[PDB]
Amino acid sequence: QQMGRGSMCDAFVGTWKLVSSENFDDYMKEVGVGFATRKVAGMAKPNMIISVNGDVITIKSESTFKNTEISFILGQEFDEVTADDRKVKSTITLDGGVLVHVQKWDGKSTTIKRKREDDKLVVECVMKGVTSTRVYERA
């Protein structure tokens, strides 16, 4: 083995903590999340851990609501069971500086975009006209 060089993906790597959320309940309603799940999910203040090993990116979310972890290669679709228990087909691509995560299920689609802004990692979740913005800071 030899040491890998860096990538643009490196600005995402680290441990992040949710600090603010806007319009998340409305986004979840658009997605179809039930009442009790929305309530509990909406309280959570997760930590998100993003790491890279070769071509594989891992995004772990640790919270009091659910823990989740996904591992993927950019452009390569995978199965995901989401925190709210949807079984979706996901594809994550890096488009410029933005991680773009598309989830497809039951003829529906939502997109989650992650981008660095100043020292924050801003997450935009979009489901037809409804957007939620979640902001993470370094833990």
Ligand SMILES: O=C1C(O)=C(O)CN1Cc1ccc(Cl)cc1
Given for the second form:
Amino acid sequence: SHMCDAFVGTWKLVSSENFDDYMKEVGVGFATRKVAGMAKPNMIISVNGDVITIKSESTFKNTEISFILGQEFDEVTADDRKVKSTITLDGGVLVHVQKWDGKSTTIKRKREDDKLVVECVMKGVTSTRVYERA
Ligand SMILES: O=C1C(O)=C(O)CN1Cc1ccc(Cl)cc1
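Previous: the form solved without the named molecule; requested now: the form solved in complex with the named molecule:
Full assembly next; the chain just shown is listed first.
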């Protein structure tokens, strides 16, 4: 049903801003921040029926999530948090909320021009990560 069509594909990270500070706010430790911050992941997004799959492949970690919009799931993040996640579409933006230990962070993924822009927010700290088609 052409849900998420403009997101589907293989995307490569081309810029990052404020990611170390976002990771600090989330609680990521020093060594993981350094290695994770170096990574240039590819994000691979696909849809099969109602199921969306987002894979992230990098030299740091490979991650994979599959989900149905609005339906909570378990996620182990790249930094090894065990979180409860819900992903919805809000006005054409994929909004990914992660909950763990009474904390919450939100990752928004949006298409803007030929890029896919990822905004990661923890309390007052935002990181913006820009991906281009691979
Ligand atoms: O899901 C994404 C995505 O498509 C990014 O660019 C950043 N991110 C969150 C994130 C948090 C912590 C670590 Cl260690 C690694 C990634």
